[PDB]
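A single protein chain has been omitted; all remaining protein chains appear in their positions.
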Amino acid sequence: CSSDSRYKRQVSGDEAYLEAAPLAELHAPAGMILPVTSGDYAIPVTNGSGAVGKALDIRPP
Amino acid sequence: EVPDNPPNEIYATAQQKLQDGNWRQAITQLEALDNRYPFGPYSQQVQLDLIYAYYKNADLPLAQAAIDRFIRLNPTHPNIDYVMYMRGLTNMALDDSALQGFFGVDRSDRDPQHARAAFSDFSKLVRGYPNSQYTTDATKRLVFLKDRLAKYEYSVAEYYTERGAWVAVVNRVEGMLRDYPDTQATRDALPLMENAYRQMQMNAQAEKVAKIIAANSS
Amino acid sequence: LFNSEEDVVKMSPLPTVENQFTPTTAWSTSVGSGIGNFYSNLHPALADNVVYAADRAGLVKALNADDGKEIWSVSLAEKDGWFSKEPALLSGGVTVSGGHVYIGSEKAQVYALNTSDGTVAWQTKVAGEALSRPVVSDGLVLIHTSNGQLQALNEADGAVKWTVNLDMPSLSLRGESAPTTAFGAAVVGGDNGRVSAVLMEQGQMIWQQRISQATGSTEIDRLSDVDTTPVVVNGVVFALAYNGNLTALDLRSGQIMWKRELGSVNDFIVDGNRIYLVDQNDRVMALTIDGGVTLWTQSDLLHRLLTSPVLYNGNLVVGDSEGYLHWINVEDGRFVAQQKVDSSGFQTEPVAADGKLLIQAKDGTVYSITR
Amino acid sequence: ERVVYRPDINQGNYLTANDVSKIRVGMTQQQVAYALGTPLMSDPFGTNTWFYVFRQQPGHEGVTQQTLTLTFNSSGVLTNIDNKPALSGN
Amino acid sequence: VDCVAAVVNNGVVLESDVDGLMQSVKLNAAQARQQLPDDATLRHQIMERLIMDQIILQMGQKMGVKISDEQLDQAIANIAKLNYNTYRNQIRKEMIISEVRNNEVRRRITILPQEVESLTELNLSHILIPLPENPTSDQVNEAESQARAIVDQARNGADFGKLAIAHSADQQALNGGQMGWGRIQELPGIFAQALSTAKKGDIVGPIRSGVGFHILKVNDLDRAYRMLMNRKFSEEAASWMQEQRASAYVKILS
Partner (left out) sequence: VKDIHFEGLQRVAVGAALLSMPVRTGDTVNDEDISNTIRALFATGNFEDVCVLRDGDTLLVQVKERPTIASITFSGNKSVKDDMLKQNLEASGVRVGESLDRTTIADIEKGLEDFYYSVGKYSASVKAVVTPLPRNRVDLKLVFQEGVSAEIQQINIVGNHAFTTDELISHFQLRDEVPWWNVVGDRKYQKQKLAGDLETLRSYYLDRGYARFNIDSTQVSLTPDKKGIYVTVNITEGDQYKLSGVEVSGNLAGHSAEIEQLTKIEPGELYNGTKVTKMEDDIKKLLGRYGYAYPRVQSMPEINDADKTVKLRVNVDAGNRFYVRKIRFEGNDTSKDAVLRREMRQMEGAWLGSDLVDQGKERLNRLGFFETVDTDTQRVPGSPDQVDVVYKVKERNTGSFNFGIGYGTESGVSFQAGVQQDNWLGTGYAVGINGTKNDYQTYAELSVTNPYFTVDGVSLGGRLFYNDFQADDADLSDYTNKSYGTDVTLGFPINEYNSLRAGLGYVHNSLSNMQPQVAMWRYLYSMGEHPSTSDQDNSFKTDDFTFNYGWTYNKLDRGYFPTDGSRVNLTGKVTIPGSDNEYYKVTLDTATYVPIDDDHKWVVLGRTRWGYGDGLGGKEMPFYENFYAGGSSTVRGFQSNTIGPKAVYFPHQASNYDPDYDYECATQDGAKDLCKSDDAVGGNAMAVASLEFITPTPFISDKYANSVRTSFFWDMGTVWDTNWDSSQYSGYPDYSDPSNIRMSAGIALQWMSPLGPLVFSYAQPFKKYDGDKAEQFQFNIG
């Protein structure tokens, strides 16, 4: 029973993904530049205020 | 099994069964309703509820096909963001075994074929619908998947460094630096590139990596 | 053992007997072994008060008429091959003319033998396997091998005179087409669906006309071959197809006068001003030669695996794969008599050259029929 | 403690004397790539430099490395060539 | 109350046209000095005629084309010597159905020039007993008994129109089966031998045929091309009517 009386409206129990080290760039030193990126694994900056974790509900609207 | 009833009461009792929490009865009723009247008003609702029932019941192989069919047949549905989020969530949940995590072993250097698909789907959702109610969770999962892929590549580079294949580790770390130049994995993997450049006596090239790690030592 | 792995098919039961007459067997003698479940044209022949017959193995019997007396018997098994005891696999129709008998086999070998002694007059290898009854005419023996290669053996000694390359489709029906000779020109239907007339004494095509139908419903199956023997009368050639166009056409390179949507693989006969035939699904029809207007259609028999109908005393005798013999009146299509002559089953055409009637069972013996 | 087995490790670009002698100063990227082949490694930090490593160690009997460094300009001209047959740092 | 009488393929035969045709044929017979048998038989014959008309109209209305109404008006004005729109409609239907039937029959017959074939009048009634494509179930049998009964009752002296409307299948059953003026060289080949022995005022017995057992009764005693084309057209049209009726779906509502 996946519902289990409190698991009826949220994602699977594991939530290790909430705690992740924030991504920080590498400073370019003098006399050289870091290699140009590829633009295939990047995340844009977007407004927050969206419920995450078990707060967000997953059931058809 | 199921009776030959009009969609009203069968749909109502399927909803009641799902609200109770018994997934098997709900999935059987929804399958019967979809196979009975695959033209009626409830078809979209039937599919959107079948996806949820598949995901909760741990039937991801069928869920992926159902999501693909729904997104293909309705490329302009008002709630495509929900189905995209469900696809990106089931692809990521397929990457966990629920038994390895009991002992705490890191599921990072395993086969990253589902993590890449989940990252692609989450990126597609974020690009397509910036103003939805799933964007923050999608971005958090994107960051987690990026870190996981970086750690996998770092593990492969570490194995090549241990064996003594310096060209291979140089190429792997260069790929990490070109693709993932912000994750902690690259920051911890730069010394491997330093050592690999050191082994081939190419000190002139090694000084550049030394400067890279010195400028970011803080 | 595959009989237990196949579902039972539906076949129309035999009708009421109403035996007005009960023919009997004049002599129920036997010839060789049986050809078995091998579709071939190996009917016996009758001439000069004797009858010639052969089996699948290669044995040839000449038998006396008016009784079951066995005149002589020879063996045509290959005594000169790799094993020197191989079966010849005789399949060409046993034809007789003068003092000669012509037989064909599915080994590209056509044999001609002298009568009253059974000695091999000669043999000849032809292009492809012989599968049609040789036709003797104008000092030549026309054969229609199952490759589209119509051939003409020299009667005197046996040699290739010329060849004609008829078309051949990919999944053709059986090609047992016997050419017929009129006014020094041969007419023959290939497996493509085109009836062609060829100048015999020079080896040049005179004309070719397509007698077939459209692609129909499905391309798979739905064959369009013409393996029945064209019949020439009054300068008119009659031919039949598988899907069907009962075509009557002018002999002097003329076009067609009419056609019908009727398709047969067995032989059809022309008597007086009427055409009698049996087609696929085993229906016996009598039609008018003037415009192909159907006179009557007896169809109570259905999928009985009939044979070529024959004339006898003004009525139609029809064989059956169940060993029965059915008798049909010339008009009104009403049944007249039934005869359970044998249980082996019939597959070849009856012969009615004289007042006698002969039928050869596929797995058994020959049979003579009285009134 | 040196009796265990070890597969021979190949890491280089497999340079040969004829191929390196074929190259002369003043060529372009396309024809040098056609002559030698794509480099398996090149610096991603500062400029356009091509490294041709030939590293080969059989079992335990030493290590043999031949190094080639090609320095190019902005317009893809072979500005400088340098070769090193063995490990200078002995 | 236009309840659909029968269903054929897609279209249907209603009840309005049935009554209309009954009234038209009754009035025309009255002005042509004719009488009528039991009304149930007339109604059934009219219903069968409309079923045939609809099934032949389906193959030629969904395809082919229509007829220009100006030539239709000229033709009706010329042939002249109730509701105007209705009668115009039935005349248009008759013209289009005649055109499509003529086209379909002309497709099925080829005529070589009469030179290779080289080279009196009768007014007669044609009674036909319809037969199925495979009368294996002994249809021809009862059918034969009915044919002999019809011949007997014609000998007894009953009205020819009655026996014609009784169990005919030709399109002239509503007019006694008349075929107009026909020459001995303008008749089917199954009829020439009968005509040779035929005589005015007598009856010719049934002739076996694929279409059915024909009954021929004699009432009154570049040319070769049309002479042979007429008989070929008649025979092949009868056969094609039989084929089309056999190869269709018909549902009867009662």
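Labels for the chains are A, B, C, D and E, by order of writing; each one numbers its residues from 1.
Simple rule for what comes next: a contact is a pair of C-beta atoms (placed from the backbone, for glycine too) under 8 Å apart; a residue touches a chain by one contact, two chains touch by 3 or more.
Contact with the chain that does not appear here is found for just one residue of D:23, D:27 or D:41, D:41.
Of the listed positions B:6, B:41 or B:130, the one in contact with the omitted chain in the full complex is B:6. Considering the whole complex, the residue from D:6, D:22 or D:84 that touches the absent chain is D:6. Although one chain is not drawn, its touching partners on chain C can still be listed: residues 1-2, 5-7, 9-10, 37-39, 82-83, 89, 106-108, 128-129, 146-147, 168, 170-175, 217-218, 220-221, 223, 242, 265, 280, 305.
On the side of chain E, touch with the chain left out of the figure occurs at residues 1-4, 7, 9-12, 14, 16, 85-86, 249, 251, 253.
Although one chain is hidden here, its contacts on chain D can still be listed: residues 3-7, 9-14, 37-38, 40-41.
The rule is short, and it goes like this: only the chains that are shown with their structure count from here on.
Taking the mean of each chain's C-alpha atoms, the chain closest to the overall C-alpha centroid is C. Inter-chain spacing, taken between the CA centroids of chain C and chain E, is 43 Å. Chain centres here are Cα averages; for chain D and chain E they lie 100 Å apart. Shown for chain B are the residues in touch with two or more other chains, namely 174, 177-178, 208, 212. Within chain C, contacts with two or more other chains are made by no residue at all. By the touch criterion stated above, chain B contacts chain A in their complex at residues 20-23, 45, 48-49, 51-52, 55-58, 79, 82, 85-86, 89, 93, 96, 101, 119, 123, 126-127, 130, 132-137, 139-144, 146-147, 149, 174, 177-184, 186-187, 208, 211-212, 214-216. Here chain A touches chain D in the complex through residues 31-35, going by the rule given at the top.
Residues 250, 254-258, 283, 288, 290-291, 293-300, 302, 331-333 of chain C touch chain E in their complex.
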